[PDB]
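Undergrad: Letter by letter, the chains look like this.
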Amino acid sequence: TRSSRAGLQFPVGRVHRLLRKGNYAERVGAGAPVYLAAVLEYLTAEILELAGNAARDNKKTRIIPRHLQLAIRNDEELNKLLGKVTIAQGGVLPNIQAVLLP
Amino acid sequence: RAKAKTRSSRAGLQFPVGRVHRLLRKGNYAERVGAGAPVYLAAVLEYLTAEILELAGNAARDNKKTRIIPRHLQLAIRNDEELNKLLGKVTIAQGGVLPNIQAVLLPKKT
Amino acid sequence: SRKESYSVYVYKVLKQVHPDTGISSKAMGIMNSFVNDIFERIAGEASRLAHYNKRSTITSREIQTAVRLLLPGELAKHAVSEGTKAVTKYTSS
Amino acid sequence: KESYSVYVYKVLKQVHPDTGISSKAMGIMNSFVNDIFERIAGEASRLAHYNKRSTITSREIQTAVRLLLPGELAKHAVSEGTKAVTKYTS
Amino acid sequence: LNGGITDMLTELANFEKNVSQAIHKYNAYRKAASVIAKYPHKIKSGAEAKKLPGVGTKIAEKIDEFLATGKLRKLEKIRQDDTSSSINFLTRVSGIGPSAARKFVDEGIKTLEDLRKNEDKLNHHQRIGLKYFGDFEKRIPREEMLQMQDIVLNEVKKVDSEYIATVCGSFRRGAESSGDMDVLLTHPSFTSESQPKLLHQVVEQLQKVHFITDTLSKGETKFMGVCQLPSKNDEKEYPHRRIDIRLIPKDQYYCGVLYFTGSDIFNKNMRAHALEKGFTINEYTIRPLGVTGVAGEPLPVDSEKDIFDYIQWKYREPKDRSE
Amino acid sequence: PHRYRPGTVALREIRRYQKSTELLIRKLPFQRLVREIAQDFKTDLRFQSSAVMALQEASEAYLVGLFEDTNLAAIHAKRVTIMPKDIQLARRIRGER
Amino acid sequence: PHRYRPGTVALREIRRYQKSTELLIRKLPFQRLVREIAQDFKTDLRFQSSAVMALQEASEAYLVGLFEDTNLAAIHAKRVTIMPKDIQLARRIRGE
Amino acid sequence: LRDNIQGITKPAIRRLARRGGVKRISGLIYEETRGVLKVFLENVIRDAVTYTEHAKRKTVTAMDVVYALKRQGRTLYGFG
Amino acid sequence: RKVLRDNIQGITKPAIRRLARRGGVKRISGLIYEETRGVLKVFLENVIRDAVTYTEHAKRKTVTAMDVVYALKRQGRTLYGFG
DNA sequence: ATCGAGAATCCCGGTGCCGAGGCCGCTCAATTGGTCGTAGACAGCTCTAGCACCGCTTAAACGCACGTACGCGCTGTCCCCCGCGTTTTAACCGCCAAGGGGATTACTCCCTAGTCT
DNA sequence: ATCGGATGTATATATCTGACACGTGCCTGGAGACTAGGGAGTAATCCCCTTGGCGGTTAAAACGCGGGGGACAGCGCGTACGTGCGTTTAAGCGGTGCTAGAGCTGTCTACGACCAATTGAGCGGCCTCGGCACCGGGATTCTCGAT
DNA sequence: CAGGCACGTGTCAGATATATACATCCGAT
Numbered sequence: 016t017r018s019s020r021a022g023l024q025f026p027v028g029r030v031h032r033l034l035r036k037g038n039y040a041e042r043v044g045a046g047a048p049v050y051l052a053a054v055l056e057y058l059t060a061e062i063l064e065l066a067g068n069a070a071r072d073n074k075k076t077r078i079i080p081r082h083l084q085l086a087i088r089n090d091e092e093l094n095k096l097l098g099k100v101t102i103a104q105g106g107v108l109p110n111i112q113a114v115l116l117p
Numbered sequence: 011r012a013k014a015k016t017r018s019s020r021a022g023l024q025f026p027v028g029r030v031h032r033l034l035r036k037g038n039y040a041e042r043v044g045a046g047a048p049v050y051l052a053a054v055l056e057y058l059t060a061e062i063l064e065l066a067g068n069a070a071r072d073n074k075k076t077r078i079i080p081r082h083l084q085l086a087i088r089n090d091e092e093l094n095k096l097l098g099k100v101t102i103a104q105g106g107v108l109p110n111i112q113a114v115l116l117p118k119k120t
Numbered sequence: 032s033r034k035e036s037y038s039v040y041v042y043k044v045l046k047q048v049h050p051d052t053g054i055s056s057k058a059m060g061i062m063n064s065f066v067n068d069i070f071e072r073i074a075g076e077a078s079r080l081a082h083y084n085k086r087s088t089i090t091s092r093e094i095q096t097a098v099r100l101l102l103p104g105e106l107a108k109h110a111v112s113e114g115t116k117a118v119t120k121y122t123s124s
Numbered sequence: 034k035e036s037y038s039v040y041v042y043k044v045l046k047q048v049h050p051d052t053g054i055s056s057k058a059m060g061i062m063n064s065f066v067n068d069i070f071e072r073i074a075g076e077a078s079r080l081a082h083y084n085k086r087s088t089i090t091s092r093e094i095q096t097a098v099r100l101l102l103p104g105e106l107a108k109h110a111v112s113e114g115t116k117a118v119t120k121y122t123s
Numbered sequence: 011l012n013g014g015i016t017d018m019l020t021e022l023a024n025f026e027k028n029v030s031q032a033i034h035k036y037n038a039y040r041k042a043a044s045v046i047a048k049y050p051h052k053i054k055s056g057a058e059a060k061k062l063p064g065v066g067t068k069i070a071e072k073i074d075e076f077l078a079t080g081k082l083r084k085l086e087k088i089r090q091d092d093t094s095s096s097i098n099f100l101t102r103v104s105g106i107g108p109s110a111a112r113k114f115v116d117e118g119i120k121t122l123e124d125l126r127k128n129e130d131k132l133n134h135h136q137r138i139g140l141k142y143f144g145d146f147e148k149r150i151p152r153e154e155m156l157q158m159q160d161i162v163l164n165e166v167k168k169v170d171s172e173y174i175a176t177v178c179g180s181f182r183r184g185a186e187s188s189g190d191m192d193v194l195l196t197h198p199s200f201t202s203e204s207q208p209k210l211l212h213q214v215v216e217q218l219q220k221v222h223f224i225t226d227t228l229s230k231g232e233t234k235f236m237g238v239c240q241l242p243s244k245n246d247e248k249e250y251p252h253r254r255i256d257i258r259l260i261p262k263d264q265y266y267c268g269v270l271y272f273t274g275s276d277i278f279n280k281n282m283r284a285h286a287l288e289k290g291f292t293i294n295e296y297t298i299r300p301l302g303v304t305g306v307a308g309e310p311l312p313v314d315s316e317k318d319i320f321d322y323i324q325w326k327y328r329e330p331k332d333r334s335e
Numbered sequence: 038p039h040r041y042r043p044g045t046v047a048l049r050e051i052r053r054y055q056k057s058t059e060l061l062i063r064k065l066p067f068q069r070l071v072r073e074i075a076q077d078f079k080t081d082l083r084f085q086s087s088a089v090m091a092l093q094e095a096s097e098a099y100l101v102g103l104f105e106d107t108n109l110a111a112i113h114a115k116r117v118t119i120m121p122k123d124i125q126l127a128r129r130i131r132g133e134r
Numbered sequence: 038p039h040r041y042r043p044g045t046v047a048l049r050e051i052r053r054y055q056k057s058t059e060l061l062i063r064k065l066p067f068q069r070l071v072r073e074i075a076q077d078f079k080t081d082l083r084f085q086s087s088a089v090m091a092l093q094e095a096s097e098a099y100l101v102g103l104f105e106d107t108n109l110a111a112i113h114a115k116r117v118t119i120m121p122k123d124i125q126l127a128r129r130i131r132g133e
Numbered sequence: 022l023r024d025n026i027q028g029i030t031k032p033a034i035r036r037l038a039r040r041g042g043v044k045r046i047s048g049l050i051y052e053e054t055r056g057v058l059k060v061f062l063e064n065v066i067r068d069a070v071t072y073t074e075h076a077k078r079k080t081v082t083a084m085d086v087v088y089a090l091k092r093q094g095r096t097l098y099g100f101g
Numbered sequence: 019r020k021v022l023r024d025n026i027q028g029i030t031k032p033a034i035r036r037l038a039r040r041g042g043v044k045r046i047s048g049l050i051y052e053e054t055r056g057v058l059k060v061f062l063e064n065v066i067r068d069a070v071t072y073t074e075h076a077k078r079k080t081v082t083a084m085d086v087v088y089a090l091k092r093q094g095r096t097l098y099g100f101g
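Chains as they are written, first to last, in the authors' numbering: chain G, 16 to 117; chain C, 11 to 120; chain D, 32 to 124; chain H, 34 to 123; chain L, 11 to 204, 207 to 335; chain A, 38 to 134; chain E, 38 to 133; chain B, 22 to 101; chain F, 19 to 101.
Just so you know, the hints here were simulated from the structure itself, not pulled from any lab data.
There could be a bad hint or two in this list.
[Said to hold, decoys possible] Calculated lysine to any residue pairs in the SDA-like style (CA-CA distance at most 25 Å, straight line): (1) H:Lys85 to D:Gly75; (2) A:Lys115 to A:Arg128; (3) H:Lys85 to F:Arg78; (4) G:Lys36 to D:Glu76; (5) H:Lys34 to H:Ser56.
Build out the structure end to end from the sequences listed, making use of the hints.
TA: Written out as structure tokens, the structure reads:
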């Protein structure tokens, strides 16, 4: 398949099918699904790296949505990319204002 | 071959149902477009434009002017309580702002 | 060129509502941009809402639903009434 | 029955072989990837429409990624995507 | 035994290829007809054909309907359909095919007479195919094809004694008849890493001795045309025959000869043997398969016996390459 | 007896509620509120359980963000105790009114 | 020696700049700033005048909104002078 | 169904505000937060019920709720 | 060719004062001018980046107003009027 | 709680000016019959998951009593920005060169679904 | 001092996965020469639209300085809001029992997608006269100093 | 049209939490 041909793990066939049926433009070029697959693979790899690094803390070998929210909020740029989205049962990162503390 | 009558006149509207149909076609929003969709959308645009210009015309009339300029339009849009909510994320070129001063900003008098 | 706009149209609407008022060119372009913005917004909402329900077309039902979604209370109510009267008059031919 | 479960699981195994992912976080990743793909595709579509070009190509998605993502993520993503497409070309 | 079933599968394959734009249904039907024609028993039911690998559900039901009734309702309906039958008949002309068949039938051209009356609507290849419609559909007796080999070899060595020309195919396999002429030519000065005219002199001198009379297409490496044996001037002239000449580099000539000698089942059997033994063989070269599957550089080939030696397989004569 | 300084157990409790990821709202009263606010728009409509859970999660996120922002405003006012003035100003400055 | 009380001339110009609708910023310094910010990214750019007008008055709108919210923040703190700490409040709680 | 608004209790608001990161709460916070929660909930429910009505079905779906949430900028993850 | 520099100071103090008066303030603290200039510079940079990327698309060396109003529409401004 | 003396701020015409709006010629895209193709409408069938009810259990909510600590309220200092002359200066205002690029138009190359081997 | 509470370790629940087998729609068909055409890239203008100087011209920015009002501390009550302890109340949980409608599948048929002719409505040039931008005087209104 | 097969879907030992008893440091008075 083309995913092996492009050295990628996200399905180029499925994303090409979505571009066909999502009705974004009348015809879609050849490299468009490949390039989307690469971009999505990079973003997912970054998210999972941050989540795994967070799960290394707290001695948790399994990814939890709390870990995912922590990893997203700790990063600077990923915080702004996902600013207006809420993760279900994700909670918030710990933060107490200095004036409140004695 | 009878005398052709435009579909906007058949529906009794002013905005063209034909142009809206064309824009829906080559706007790539759906594969197929029904017959009633453009006439409904044209009627909606008629109502919205009528509301805007009625308010702008009133704002020009009580400002002793007989021609709508962007100031009148922005005053009409921002003055209404719910028409503002439709257009609360938009800025109008050469629009200006409504005159409002908070109470504490006024002098204490006495 | 062959640039298109909503000049003839909005002028006719104004003369229908206010018989003794004119539009400055900047304000006229503002009205044009407003019309294009609302058209794009409504059509995009209708397109998305058609795509969810696995349907393959845009009709009066989902445009009515879209103008019930984006338009708030009074404005939405009157716009829906005007649109449905207009479409009934059209299909009556 | 659309899902991205096997692919994100493969990516996780490639990056962190020893770490498992729960079902709820799995669904969160599914929603996140769908969100990003929809956002990029919509941006590319409207960008193609403004320029009056009728087809989406690699360049238009490259530009859409450049707008949507912030700086260093944008440059990393465009480098990786260009590498992938030039690999697929040969 | 099973001639009717095979004939019906052939007709269905022809209709699928020419009328349906379905090359894979045509291939499946031809494969079923081939495997049925080799079955040494009179078929008693479609399920009997279904137990063995090959024939699927649809073909089994069609065979069962034939055994019950002696025909297929769909086949009978499509036989009397003027448009579909006209398309199928027009696709028999060399050069006139599916696209041309639909276009011609859509514009009223359904028979050979209409094709002759509409010469201006046919290209050179279609016109020549129309001219030799009867001749092309005839098979070539082995003696006439031996004579054509003799003429071709004398002309080739007349061009240059360093040329090497081989007549491949069912003839090289020793079959008593073939449907066309296949010649493979090479010159030591022409390798994969080395003239744009080497085909041209052979073609031109074959024109000069009036052996080949028509040109269907001609390039620097591939020529397809029409040739005819010289008449005695007192006996009936020989029918026109199809001839193809392929120019292949010397390092790929013997691989090409092995490919074009066949037979096809023998080709896949040898290819599977090479694959299961760690080699990949194509029409052009022979390459190794690594432990990770990566193909290597092509190995030097100087004979068919060489290719047989690399795959540790005893050299089999083309007479013994039936499968 | 041994009592705590006001704010101390408040800090312990703020830590224990900020680390964990519960729902913090009783499910049944929220579901009853959703059903009672939904019947105004359409009479006798059913509700999927996951829809109620999604509504609760969204309300939790919205309210917790609003409370963080209005606490920030209160601390800005040289003040530590939150009053409704703060909430309505946080709503107004964010464009919601 | 007739001097107005402080603050009164402030309110009456408030009336003036809320009643009129000009640009409130000189064209040439804004154009030079825009060209500088543009050449920071890439060189050899030319701008249409409508483009720099669009940037100018969009910037006016943004700064007007920011000062409106900053005034709200200042009045909240029982104070009539806006200091930068009010600006970081407005920027932070607006979500940017 | 009558005063479900009072269903959410004052300690529940207190715990939620604690998660928000606040130390002291006035007395009038509870009424204001009940009001703002009611207005936010009705704003979401209006769009969700509109989506449900367009689908010609008499039960809402969590998919409709996340769609109505995404419509007004509050994107939600973890439900599809 | 004439590399521009030091133009952020070109936005004069009276200009910020006038914008503040339009906003509705009574008095201005002395050190908000630098913060306002910084706030403005970051906003112009955010808009100009998108406009320049749009202009890089279609291989065009001039920045029109229509692409920059598209860039403004990207960031939730949706400018009317121009274009 | 007044008057009085000055600074802003609307009403009087005039003056003219440039653009809003009819008007005409042109042209190309709505409009009108006609064909096909298929997308939903509509029915009928599962079956599942959502509403209703009951009891058991217990953890959180509610009410009451105190303690005290932030919130306002009131003074007191001082300093920092505002109002108002003077003194530059850089933004306008045309007034042109000038040349670079953004649309148009004719010419030639990836691709492309087969067409056959 | 001094009396009590959030983290490290054992340690028996508990529990939610990941690899392992079926099922069933996707999915590529397998090797390549042509082959006659469609979008897309490329060269050649036209002019217009932006940029760069050029000198007057003055509105606006820069600056200085008195001083008055507000920002900021500081102190003082005091009542509103934390803790703490009964108690009681309704939430979770775990069953049952229906049954309304979510979702799926099979027919058709009535809408829409193309498609030639046709024309009339909308788009560019093109004037032309009037709504309105200035523009000084003349009354009006607003504001601050005395008393 | 025929195969090949990559996702989708049940199903169970076991890593992976998870709640429950002491010791220790901290924390406020």
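Undergrad: Does each hint hold? Answer for all of them.
TA: Hints, verified against the model:
Under the criterion of a C-alpha separation no larger than 25 Å, the hint pairing H:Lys85 with D:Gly75 is consistent with the structure, at around 18 Å. Among the hinted pairs, A:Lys115 with A:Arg128 is consistent with the structure: their alpha-carbon atoms are about 20 Å apart, no more than 25 Å. Simply put, H:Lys85 and F:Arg78 have alpha-carbon atoms about 14 Å apart, close enough for the 25 Å limit, and the pair holds. For the suggested pair G:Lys36 and D:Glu76, the alpha carbons sit about 17 Å apart, so the restraint of at most 25 Å is met.
Restraint check: the Cα-Cα separation between H:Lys34 and H:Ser56 comes to about 16 Å, which is no more than 25 Å; the hinted pair holds.
No hint from the list above goes unmet by this structure.
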